[PDB]
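Colleague: Dock chains B, C, D, G, T, S, R and Q against the given chain A, drawing on the hints supplied.
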Amino acid sequence: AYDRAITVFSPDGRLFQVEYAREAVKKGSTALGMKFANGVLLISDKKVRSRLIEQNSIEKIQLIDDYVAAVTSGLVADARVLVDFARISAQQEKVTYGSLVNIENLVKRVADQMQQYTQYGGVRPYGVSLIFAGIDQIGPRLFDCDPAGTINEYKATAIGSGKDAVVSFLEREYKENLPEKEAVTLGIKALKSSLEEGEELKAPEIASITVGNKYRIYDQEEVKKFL
Amino acid sequence: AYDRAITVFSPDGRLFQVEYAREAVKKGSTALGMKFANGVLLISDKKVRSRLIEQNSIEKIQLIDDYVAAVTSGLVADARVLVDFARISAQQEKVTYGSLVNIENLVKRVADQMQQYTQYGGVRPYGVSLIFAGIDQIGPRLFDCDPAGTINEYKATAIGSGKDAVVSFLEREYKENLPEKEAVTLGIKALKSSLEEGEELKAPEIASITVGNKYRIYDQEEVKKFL
Amino acid sequence: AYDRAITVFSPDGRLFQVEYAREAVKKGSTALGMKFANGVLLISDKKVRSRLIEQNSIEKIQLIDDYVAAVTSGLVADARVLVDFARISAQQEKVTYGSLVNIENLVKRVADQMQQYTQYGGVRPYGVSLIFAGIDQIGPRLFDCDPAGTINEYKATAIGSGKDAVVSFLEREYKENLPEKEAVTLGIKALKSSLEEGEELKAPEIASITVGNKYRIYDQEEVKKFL
Amino acid sequence: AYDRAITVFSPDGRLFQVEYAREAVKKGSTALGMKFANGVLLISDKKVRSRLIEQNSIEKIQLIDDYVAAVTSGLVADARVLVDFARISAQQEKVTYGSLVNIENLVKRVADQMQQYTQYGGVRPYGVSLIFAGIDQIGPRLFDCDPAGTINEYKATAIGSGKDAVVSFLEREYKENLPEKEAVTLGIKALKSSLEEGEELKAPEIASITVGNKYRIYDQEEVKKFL
Amino acid sequence: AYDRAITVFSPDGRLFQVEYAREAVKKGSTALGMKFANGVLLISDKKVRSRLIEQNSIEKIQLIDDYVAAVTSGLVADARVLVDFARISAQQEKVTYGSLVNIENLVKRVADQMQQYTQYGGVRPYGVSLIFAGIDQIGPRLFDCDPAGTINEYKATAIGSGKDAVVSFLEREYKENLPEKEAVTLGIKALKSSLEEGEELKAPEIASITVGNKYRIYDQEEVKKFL
Amino acid sequence: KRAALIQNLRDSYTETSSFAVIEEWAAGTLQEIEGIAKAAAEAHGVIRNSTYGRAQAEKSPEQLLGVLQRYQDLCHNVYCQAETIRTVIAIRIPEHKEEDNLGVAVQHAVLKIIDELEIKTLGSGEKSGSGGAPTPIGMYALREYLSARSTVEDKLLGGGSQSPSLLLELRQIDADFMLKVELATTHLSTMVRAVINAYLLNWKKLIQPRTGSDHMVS
Amino acid sequence: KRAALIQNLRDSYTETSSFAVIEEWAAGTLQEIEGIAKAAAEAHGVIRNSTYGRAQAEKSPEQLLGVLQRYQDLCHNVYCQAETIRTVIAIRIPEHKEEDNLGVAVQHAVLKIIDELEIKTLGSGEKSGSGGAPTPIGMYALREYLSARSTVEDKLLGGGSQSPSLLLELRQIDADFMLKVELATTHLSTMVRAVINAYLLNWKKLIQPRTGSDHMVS
Amino acid sequence: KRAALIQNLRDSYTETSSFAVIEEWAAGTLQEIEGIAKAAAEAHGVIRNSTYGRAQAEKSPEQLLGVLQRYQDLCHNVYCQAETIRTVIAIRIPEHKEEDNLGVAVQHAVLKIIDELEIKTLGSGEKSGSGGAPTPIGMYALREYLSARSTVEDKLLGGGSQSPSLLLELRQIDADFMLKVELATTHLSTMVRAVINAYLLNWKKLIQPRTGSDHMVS
Amino acid sequence: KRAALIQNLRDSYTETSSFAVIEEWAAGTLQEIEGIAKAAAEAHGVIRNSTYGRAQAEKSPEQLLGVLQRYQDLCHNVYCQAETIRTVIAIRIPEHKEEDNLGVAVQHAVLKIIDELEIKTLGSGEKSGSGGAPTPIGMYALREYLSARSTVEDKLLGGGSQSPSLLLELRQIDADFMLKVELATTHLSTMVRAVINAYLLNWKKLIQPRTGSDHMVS
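One line per chain: the protein sequences are A, B, C, D, G, T, S, R and Q, in this order.
The number in the authors' numbering is simply the position in the first sequence, starting from 1, with 6 added.
The number in the authors' numbering is simply the position in the second sequence, starting from 1, with 6 added.
The number in the authors' numbering is simply the position in the third sequence, starting from 1, with 6 added.
The number in the authors' numbering is simply the position in the fourth sequence, starting from 1, with 6 added.
The number in the authors' numbering is simply the position in the fifth sequence, starting from 1, with 6 added.
Numbered according to the authors' numbering, the sixth sequence spans residues 4 to 161, 172 to 231.
Numbered according to the authors' numbering, the seventh sequence spans residues 4 to 161, 172 to 231.
Numbered according to the authors' numbering, the eighth sequence spans residues 4 to 161, 172 to 231.
Numbered according to the authors' numbering, the ninth sequence spans residues 4 to 161, 172 to 231.
Keep in mind the hints are simulated off the structure, nothing from the lab.
Even for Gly, the Cβ is constructed at its ideal location relative to N, Cα and C.
Pair by pair, the computed Cβ-Cβ distance ranges are:
(1) S/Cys-83 <-> T/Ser-63: 26 to 36 Å
(2) R/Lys-115 <-> A/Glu-227: 53 to 63 Å
(3) D/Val-14 <-> S/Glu-102: 19 to 29 Å
(4) G/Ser-199 <-> A/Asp-118: 45 to 55 Å
(5) S/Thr-54 <-> R/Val-49: 18 to 28 Å
The shape of chain A in the complex, shown without the other chains:
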């Protein structure tokens, strides 16, 4: 009765279509971010299918600009559209003021676009969660954003199928101000804890950035050293 249309409140005040969109996100691959000493990092898993697939066109961590990266989970095509929105929206701010002072405003514009898709008939929500990570004038930043357009700022966090496991691990194991190498190590352990019976984890994507610098994407061979 109350869960067929985005514009319909249930008697308890719930928006069921938006809750169902959050189920699409639970099915995506696991990714996490965490702040460390003068920096922030992102790590993405992903199930590669065939050996006939091209790796490198592999598309999980997406730069928004030199100082800001995102990872997503949920419907992939929805996620690409929101990533294009974020990139163009960051450039509009940069052209207007000459720079992006506070990453939080970028995340809000994206979240506002996703909120609108929970308020107008004729449209479905984006079935996507994002993590944004980078440096602005405040310092290293880490945010998540969900299908409702709800945002939180984090010291560490995760999205996708293994979210709960990863969040639990970091809940017990996370410490602030780790050197980058320790952060990546902890991240990899948190990601591994989320796997079943016997999986071991193939090479994930890793990206980091520290104050005064631009993003670096660890390449295949750098990541191997952590496995």
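Modeller: Frame of chain A, contents of chains B, C, D, G, T, S, R and Q only:
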């Protein structure tokens, strides 16, 4: 039959969708406002959860301008969008006339935006309540505003899950024209009365303004002195 | 079922959604108007709900301009939007012609806006009735206007929950050309007769206007004399 | 299941929503028109009904211009809108050509507007019938117009609850070319025959016009002479 | 209940209409693509009808420009529209920048067009998959694109009814850097293995491109040499 | 004349008639049911503390016969009173339409609870439907008691049955009919209380299911 | 005064009346029911270990009668206690409307499980619906047992019957009736537990099904 | 205290109680069923290979009684174990709402299969519905067999009846009751297997039918 | 472990088990049915060309018993083979959802045709539904025949009856029971043929009702 669309009156003249939107508001964290001698204050509870969260952002109390602040309860993304609207609307008035003479008109502009989302098909109401508090050419002001765009002006008031506990407490304990310190103390006591018993209060947001000054947000330290 | 959409006639030629809107109007606080010798007045009962409420505010009686006032019953935010419409529409006439010659044309513009919201899919009616009272180039005027956009001119009338008790009292007790003080007395008495079994009038709002003058709004200790 | 939407034909080729709008028209007060020697008149039953009501305004007979009048039956606010439309449409023709040569064309523009509201989704028909009467280049004219946009030209006719009685009386008793006073008498008689047994006709509205003159409304006393 | 509209998430977070659009794709004729040494090829199973059809006229392989070709499966009319879109979108990019540097961006614009058609009500998804193959400033490229606007880059892949057989065959047989002739042979081999009950592959369409050259479409005669 | 005929119907059975039933049910009727419940428990207690011989087959116990007679008289009065309320509503069902049926649905909902009271709770029909007989005992409990006891008496009296369970059964019939009265009175009180609340909450739409003048039209 | 009549009903059957029943059921009742289940399993073991002769037809087994009596007494109490809860809810069903019926839906949902307890689980009616009688044995267990056993006793005592299966049947009636009690107590425990949960989770809307006041209007 | 009453209920009957039933059913219970099926197939062979005289009316065959007894004991245990599962789910049906009922529908679907097991498959009720009795033979098979054999034994033993078909009918009651146990054990196997699968696919929603996330709210 | 319990169930009853049944039904089963149909046809011709005296009331015809016996054995096999197919499907009904149920609807539609086969066509239930018993004769036809003829035998033999029509009725019972086997074999053949078609057209969804070809997601 009658509770599936905002454009549909029930036989008793009710708009059930708007009443269901009010149920979302009741799930939010308790916040209150009260007038004291030559000023007004806001207190916001926050059930802050995980240590992986950055506690120092996504605040419940939002400055609209230097003389006006709001606190919201209900759907968080909706609330953000209504706060963005209030800030821009305040500035539009300042540009037009050079100042904001009466905060009541800003509140009516926000409430009219909410009213319109209860009258046109293809849209859902905002699942939000706000309190506005500030100083204008009339004096210290305190208003609330609900999903229907209904407003009232108050000496003291509350929103969120503990609204009723807080309000019944203030009905008997509230006095007009207390000094700031005594008003905050009463406010803090009002909020504790709404708690679950054995359950304690983990440092609210507090902000205040007195005639002739701009808003001050109480720092994390100054709030503790009241606990 | 013929009662779910505003654009649907029943087999008997009725618009049930419009009839349901007029149920919302039956739940508001009682107000009344009456013409007296060279004038007209309005009186409104206010459902006061708590000592924490600022009572000087959100008046039931609203001036539309210096010579015309209204009082509303029903959906409060809908009514506020219609009072805004009336105010701007009054000003447009005054700009166009230099003055507002006949208050009936203002009321008809308001009623026409309401009639529109009973004819087009995707909107609901306003859940509001108004009384308009003032002085124009014809003399003292008293009109009401309902959710359908139906208007009538009166000598005395009432709206809101006590409408039926007030109107029956006036039917037998009303006389034309009372001096102002006697009109008010009768008005107060008419209002008192609508109250249930040992209830008490908590000082209503009163406003009046006479030929050659602007409206006057009775203050607290002025209304006090009549109670 | 073919009677819920104006854009849906029944298997027999009927538009039930349009037939339901007619039902509204049958509920109004009886009015009639007749052609007489070099003129046409209208009489309207005034179902006044309360001493607190001004017996002066919101009349049934409305002048469209100095040479054309209408009387309506059915939804009152709808009727006012159609009368406003007719008045504006008469002026548009007069500005364009300098005069209004054939009243049928005015009635057709009014009827086309009604017809449009029986063909497009998202609108309901007008719940109104009109009689138009006046003098144009062709002579005295008398038209009716229903919710479907159907028009007919008449020597005599009626609308409202007593339509059927009045028309029966006139089909028996009507004679062309009566002098004014006998036409009015016949019309009054025609209208008395429509009342439920032992119920007294209070003063109707009466208006007439003759070739070479403008309309006149019969004052309250001149009508009485016929009662 | 949840599979009737593209704008409705099922409780598990699924979009059943999009899944049903894939099903149309599965009914189409098998096509495949593969990267070889400095090159890329496409092969398409034609699929017959009478000797009365002009052979070589409604090709399954379509040039997007001299350097990029596509093949489709699913609804044929939808497919034509998407190919026309891809052709115009490539020329727009060539006019803007002088050349098409990275084919992935063209595939993204096509995939974003398809994604839009899964998010807005009043629209159905394209019942189409596509393989794009060509050479850009990065090297030989192969992508697929489904009704959701989901894209992947590949070394080899297939679409249409015989997809799983073809992909299964390639998953064991496929070798990285084959010469054109041997790549083509492997392709036909893989295509044959998807036919059931000793079914005979009549002449398929073949196209290839190698770095520094334009596309070549094999003549019917040149394909036979491989049959 | 038709309006006079309707007026005569309605004046004969007004809101006052059905109100008077409700007042009676809320006071005297519930007390009487409580009185019967007590007498049944007392009689049941006496039987449970009894050993039965063949002498118990030779007299029919007057005390139980009296509890059952008293139950039946009460059921009789409730059925006839329920019929008054039912008349009052039924003669006010308005013209059949496909609209303006909100008060009419109140009328049908109250009628259907009275039907339940009369048909199910009081077991007044000569044949129960596909939904069985859910009341512990009905209007003709005395006849069903005598009919049951009699079959057993005949078997036990002339040479009688030597079946030990048959003798215990005669005692069980006596005990069970008292039990059934205790259960039926409790169940009846629930139903009476339910009707009292439903009537008093809904009585206005029961009398006037359609209201209002037509203000939209002139 | 109509409000006083309603207020009198509701003051005499309050949320405390139905809560007290639920407290009683959670503790003592479930434990008494388990007790009867054990008593019947015990009595059942004894019958399984018995060779029957003619002497078993000349006397009705007091141990089985005692178990059946205990079960009937429990069913009686539970039925009466169930009616208290029905009364509490039924006198709070509000004005009939086509809207604001979410708490009304709770009332009817819980009334329906209680009816099932009373009608199906306890088998308290005189006749079962066309849905039959899904409980292994009902309220009138003793009567049912005595009636079945007397028939077989008569045939055996007469010359009495030569049939070997008929003597075995006497024993099987004894055994199956203890078995039916074991099954019915188990089944009744589930139902009693389901009601406790349904009451305690839903009790607020049972008492206060509508939460009034107009916040959108004045 | 209400939450404590709920918690005490739910601690007594947890996922472990119902899982244990299911583990038992997947192993010991299905093995016992095949066992009973084989014993009945064997008794049916013996009967098929037999000519009947009035001496077969003079004794009740001990081997058949043992198959029927064993079948009843098994049905009895399955019933009691099914009710443990019903209890576990039923005390966890959550607050009645018009929303967030996806897991609640899982609970009702599984309760329905269990009701079918208890009511239709095991024929545990006193009376079948209008839907009939679709299991080849129910819980009280032994009493069913004894009554049917008893009737014919009477007619044959008297002078005894001289009908030749009556004599064959005595053999046919013996054979059919064995056939019915063979058919019924196959039928019960399928149902026990259906419920094992249903339970283990759905247990999570059976225990936590609502999962009430964080939210879009503050 | 729960996954293991499900895999064991499913490995013991695979698509092979149900396919073997359908292969048996398409060949051996349909031919056995036709043989019974012929045997019954010929036995019917014998009775049609017969004059009955009380000699035919003194013996029960062995040719008829054999045909009825052969029918029962056949029904027995079909039933148990139908249970195999139901097992294979029912242990593959997946997690209860409000979505992704197209194959689940296949499973239920084929389960329903199998039930009609078992319940209506074979008349295997002890009591038929309110829909009746539309099959000409059921699984317990022999018992049915013996009871019917046996009744008429005792009337004819005695002090036997002088009624001429009762003598013809003995004949008609014999004729009619052979006719019922001719009709029932025919009816059963159609049903077996409808299930072979239904199974072979739908077996993929019966085994794998949901095909998790996922995609769309991260």
